[PDB]
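Enquirer: Single-letter residue listing:
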Amino acid sequence: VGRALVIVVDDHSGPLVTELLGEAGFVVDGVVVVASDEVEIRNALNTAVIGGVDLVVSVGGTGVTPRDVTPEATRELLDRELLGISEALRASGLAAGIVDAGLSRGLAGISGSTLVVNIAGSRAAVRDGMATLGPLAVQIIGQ
Amino acid sequence: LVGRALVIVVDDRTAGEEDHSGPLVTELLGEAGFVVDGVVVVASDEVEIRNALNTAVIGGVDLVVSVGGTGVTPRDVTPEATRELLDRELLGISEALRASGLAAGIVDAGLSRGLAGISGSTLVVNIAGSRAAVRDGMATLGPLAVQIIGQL
Amino acid sequence: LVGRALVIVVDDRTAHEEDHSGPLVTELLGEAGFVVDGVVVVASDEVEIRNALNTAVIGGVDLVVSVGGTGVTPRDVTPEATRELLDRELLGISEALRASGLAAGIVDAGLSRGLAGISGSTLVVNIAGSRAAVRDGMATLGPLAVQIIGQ
Amino acid sequence: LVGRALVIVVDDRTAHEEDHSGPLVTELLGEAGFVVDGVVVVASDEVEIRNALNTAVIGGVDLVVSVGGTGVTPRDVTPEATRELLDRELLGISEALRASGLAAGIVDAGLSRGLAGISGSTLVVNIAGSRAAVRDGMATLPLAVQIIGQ
Amino acid sequence: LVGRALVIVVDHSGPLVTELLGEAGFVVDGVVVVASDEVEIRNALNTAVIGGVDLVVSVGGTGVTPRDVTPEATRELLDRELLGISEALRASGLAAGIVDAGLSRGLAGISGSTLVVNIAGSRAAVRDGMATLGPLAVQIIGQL
Amino acid sequence: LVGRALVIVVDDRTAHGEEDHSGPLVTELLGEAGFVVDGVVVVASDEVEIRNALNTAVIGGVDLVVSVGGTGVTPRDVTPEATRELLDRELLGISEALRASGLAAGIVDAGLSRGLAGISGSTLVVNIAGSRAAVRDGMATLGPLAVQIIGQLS
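For the record, the sequence lines run as chains A, F, E, D, C and B. If you use the deposited numbering, the first sequence corresponds to residues 8 to 17, 26 to 158, in order. If you use the deposited numbering, the second sequence corresponds to residues 7 to 21, 23 to 159, in order. If you use the deposited numbering, the third sequence corresponds to residues 7 to 22, 24 to 158, in order. If you use the deposited numbering, the fourth sequence corresponds to residues 7 to 22, 24 to 148, 150 to 158, in order. If you use the deposited numbering, the fifth sequence corresponds to residues 7 to 17, 27 to 159, in order. Counting from 7, one number per residue, gives the positions in the sixth sequence under the deposited numbering.
The shape of chain A in the complex, shown without the other chains:
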């Protein structure tokens, strides 16, 4: 229980992430859409951390093509990394047969007091990714 922001990298994801975040027990302060620009994405994350949200979910920008800069945007902001979250989403993704989730370069970790998690872009990856993530997020905001 806390409050959370969504960041779509340009999607149908924003309303859906809002919904699943809602069911996980989160107030969704809003949806911010940004381009696959490392600076535009980093600016959006940093701004959110400073603003004191408990949780920031990004969606998209985690595949292999050079336009996919979500991870490297994110890494500058992380005080500590939570591979546990990255591994659980990827593991879960493959199991379900969702490959962009299986192969995601998304990070997870803590910036200030905020948990940041990068989820992959496809609808399947958002569903499976929130299902898995929501519990783990809850436990971490608990510190």
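Derived by calculation from the structure, the hints in this document are not laboratory data. Among the clues, some could well be false.
Simulated DEER-style distance windows between Cβ atoms [to be verified]:
hint, chain 1, residue 1, chain 2, residue 2, range
1, E, 94, D, 66, 34 to 44 Å
2, B, 33, C, 58, 43 to 53 Å
3, A, 53, F, 82, 51 to 61 Å
4, B, 7, A, 55, 36 to 46 Å
Where chain A lies over chain B, by a calculated footprint (3+ residues, C-beta under 8 Å) [as the list claims (entries may be wrong)]:
hint, region
5, 95 to 102
6, 143 to 157
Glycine included, each C-beta is placed from N, C-alpha and C at the ideal position.
Keeping the supplied structure of chain A fixed, place chains F, E, D, C and B upon it in accordance with the hints.
Expert: Using the frame of chain A, we list chains F, E, D, C and B on its own:
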């Protein structure tokens, strides 16, 4: 597209407070490429479920999906209602589901007594009632059903 | 106190040598919130196992965990001593255990033919006999048995 | 090393065309430490399959592996063929294979209705028919060596 | 049978880690207790490595809180990292419902010829971790 | 054709004379996964030599390089260190899947492999462990993942 489906919501309160499962199953079956022909609500009652099921198979459907009544209490009797209808168990479905659920921490999906099988030419699958379990089972079921209804 | 438990240890040696599995099951069960009322040692004989199991369900206990006699040899007869008194099979417990065991490298847990199920209002689970299988089974069983006792 | 095995290929095409699975199964059974007595081929028929399984249990072999006939189509009768012959079901084998195949994205392994168990003193295991399913099935099946150990 | 181990507890777990390493095939030379202080931990690990023990298991200090510094303390000691061990423990943890193991920032790796492994603090994590780690440790101690 | 693949076999004994049992098998399995195999390069378990073979294979433009061996934990196992120099981006997900699949199947060298996966230039590079069991399990898990990576890169 892929096919048609009928959704049975096994719940006493729903049979008549508001159905949440039924819309949700429909939304998710839609993304997998199914049209839901209908949502039938029914009490945790062995016969009522068996009839609902039997009627769906009889009717023009490729996929039947029950939600609820898969637990352990006296009144969870969806598996009992479902067994005679099967011609051939699909244990990999029950297992894929039970395992996905457990992996995700959803003990009612994880511990579901729910079955899976062909009843004639129709895929029947029982799913557990919790929202988490509907969301996970469907994510797991959709591709599996897509490939079973194709080999038929 | 989440509920009470009886332990049945299925081992010839023990029946005819000191019991290692039973104190262990009890430690592990008591971490998951259970109190073990007793350990009952029996031999790998269909009849003995079944009588002990029925006497447990007749003791009214919340959980009965057998240990041993789930393998393939002709004397591993725990599963068939147990089937007759289940009103409902709980495959997802049996599947969870074998899956967990298999992933830990514990082949006897991995391939156990041990059943799980409800007998009246009593949860009944059969676990393989190695110390490894006992330790991994109870970790995996503890939570599931807590929730099922919700009933 | 470990024991002797016989391979039954279930495939109409092959029973009427070069067998693809038989040599592969033999190959992998070898790496797992089995001598293969050889490959019986068999049309996708309940009774014909059943008798080849019978023949093999009676014929003394430690492991019988079936390939194919595990799907949902009507001619997929290998499970029906196999069940009257088991004295003891080993669901944890069926379970492991299914779980492994589905984990690897192999849907005919993942959903296979193939059975596994002990008939007399023989380990019998039905594996699904696709090439991917054979490789994953056999790499998972080690469980074989354990079980023949007793 | 197989090798010598040292337990570092970051402040219950000591006797338990001892018991389970035992069953895994490991003599336990000692149990060192340490106070959640990057410096203290790194030194206990230094000492453990320098004395040539085969396996060092640390317990605790792997969560997200300010004073969870066990990973920071271990990183510079690792010659080679072994994510497969960390992955196996985290995945095992998660499957078993044990979130502290599931989300543990704990590392695994080789320092000198010593296998070092950070396990999370909860009793369940120690049990799940040790059951998983045991055979992995045995195999690595073989190839070293 | 999904693409071209190259096999690098990292094994001192193979390098110093002995028959290569790993290289043909990876050729077959890549065949089935959908790849034409440009050939097999054998290398000793030396970081330079290995780095040089990967670097040459990348610049030559194959879609996929699989290496075999040198992922363990002896001093000699330097495939990861060689590979790391060359990666523009890591696909931790591929390594996680191979380790996870290995462990489940009881194949501990796959389980514990320090293998990397990643993108070098426009080449998918993946280190697999050297055991015969690890090569079979590795290629099975990898084949489809690599199909989907080549396609995102074209």
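Enquirer: Does the Cβ distance between residue 33(B) and residue 58(C) fall inside 43 to 53 Å?
Expert: holds (51 Å)
Enquirer: Count residues of the region 143 to 157 of chain B with a Cβ under 8 Å from any Cβ of chain A, then say if the count reaches three.
Expert: Since three or more residues must qualify, the claim that chain A covers the region 143 to 157 of chain B holds, with 4 doing so at under 8 Å.
Enquirer: Does the Cβ distance between residue 7(B) and residue 55(A) fall inside 36 to 46 Å?
Expert: Once the Cβ atoms are compared, 38 Å apart, the range 36 to 46 Å for residue 55(A) and residue 7(B) holds.
Enquirer: Verify the CB-CB distance for residue 53(A) and residue 82(F) against the hinted window 51 to 61 Å.
Expert: holds (56 Å)
Enquirer: Between residue 94(E) and residue 66(D), does the C-beta distance stay in 34 to 44 Å?
Expert: The hint (34 to 44 Å, Cβ to Cβ) holds, given that residue 94(E) and residue 66(D) are roughly 41 Å apart.
Enquirer: Closer than 8 Å Cβ to Cβ for three or more residues is the test here. Does the region 95 to 102 of chain B pass it with chain A?
Expert: With 7 residues closer than 8 Å to chain A, the region 95 to 102 of chain B meets the three-residue bar; holds.
Checked against the numbered hints above, the structure breaks none of them.
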